[PDB]
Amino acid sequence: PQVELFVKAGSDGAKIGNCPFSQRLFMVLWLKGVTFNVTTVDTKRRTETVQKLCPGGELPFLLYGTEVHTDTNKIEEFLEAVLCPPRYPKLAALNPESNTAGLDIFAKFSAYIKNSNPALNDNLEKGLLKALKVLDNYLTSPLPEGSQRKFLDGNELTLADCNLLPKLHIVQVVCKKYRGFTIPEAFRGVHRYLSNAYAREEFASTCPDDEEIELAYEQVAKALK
């Protein structure tokens, strides 16, 4: 059945905009190998059909045949269940820990980048570094089930990566631009993971361009005074 994903539009009302939820679903659909289409939505000038398909304005959203699906988590669950073998590969992680590792980074980043007071930056930057180190330890330690492995759960991209990678990419782009902050080179696990991810088109190609991510954070990110 025809699959159509509706995602937020970026700065010019047309390009794909910054949104880790949209990118997560794009990655899942690409990894499944299903035929699908994508439609961008300018939250300041939505179309009639969209105004009707999704009255509440939640984005992203998905159309499966003629049925609308909302809530990124529920949409992902649905896709894993219905796009299944032998036609399409199972993307779920085997190690439960893969599904939480590094998830806390994004919130820590968000608090860190919204803060402008230098006294508080010392603490938030350290909390961000700490969360990055915990992820690094997960990536360097062998997994119970299934280190030098490429991704969170092994050598194949799973649903866990589809959630985390978009978020980490935003962290990197925004932190570098607005704070000159880079993920420590000391964190080899995190760096190898990001390099391995960037080599995969499913991630690289679904990243909005840096300026779009930067501009998405213009009224969020503050300079430290």
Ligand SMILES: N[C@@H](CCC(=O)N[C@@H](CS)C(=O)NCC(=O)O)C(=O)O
Given for the second form:
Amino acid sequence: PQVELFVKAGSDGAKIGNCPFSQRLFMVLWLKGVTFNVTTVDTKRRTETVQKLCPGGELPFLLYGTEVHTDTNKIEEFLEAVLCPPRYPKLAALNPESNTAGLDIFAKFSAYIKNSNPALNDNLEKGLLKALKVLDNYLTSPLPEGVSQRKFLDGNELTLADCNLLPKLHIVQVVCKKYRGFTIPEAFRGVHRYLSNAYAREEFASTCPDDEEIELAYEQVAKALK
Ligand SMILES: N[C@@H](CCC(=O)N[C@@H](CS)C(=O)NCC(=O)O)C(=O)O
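Can you switch from the form deposited without the ligand and show the form solved in complex with the ligand instead?
Expanding to the full complex; the earlier chain stays at the top.
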């Protein structure tokens, strides 16, 4: 049954664009091992065919046979349910906490990077560091369930939880380094090992837009502190 994912185009109207939701779904589809195709969409200059399959302009979106699916959460739920054992592996996490750990980081990053006043930067940076620390503690602490030194959020295999979080953390890293010279403290070993382990996996590394695309995507979002 034909699978086609539709994602946002980057700076040249063609490359895969910066977008954590698209990357999340790309990762899920790759980890499932299903045959699928991808199509990029220049939100301004969309094609006639795309203007019809998805009139509301939602992105990403997924075609399953001739059926269009929208909303990243709903698409992911659908894929986990229909691409299932024995043909395709179950990707859901075992430990519920894995599905929330570190997701507050992205919001904290956003607030931090859009602010330009140095008086407020002190507080936003500390809140970002605190959220990184909370994730670091999750990664270094043993998990309740699972047959810490594990590679990923929930054990040693990538799960749906990593597909959501990794694309966001990657953006946090790339954007923070470029626009603020900020790096995730080396003191946070759980976070750095997670990112190193994730980078070593094609499913994550290969689905990241290039750094230039990510930076350019933030050009009118990210501010230098005055
Ligand atoms: N509600 C959608 C949100 C998707 C979304 O945020 N898409 C982004 C990036 S792919 C977007 O449309 N960005 C447009 C822009 O800011 O220019 C979902 O969660 O699936």
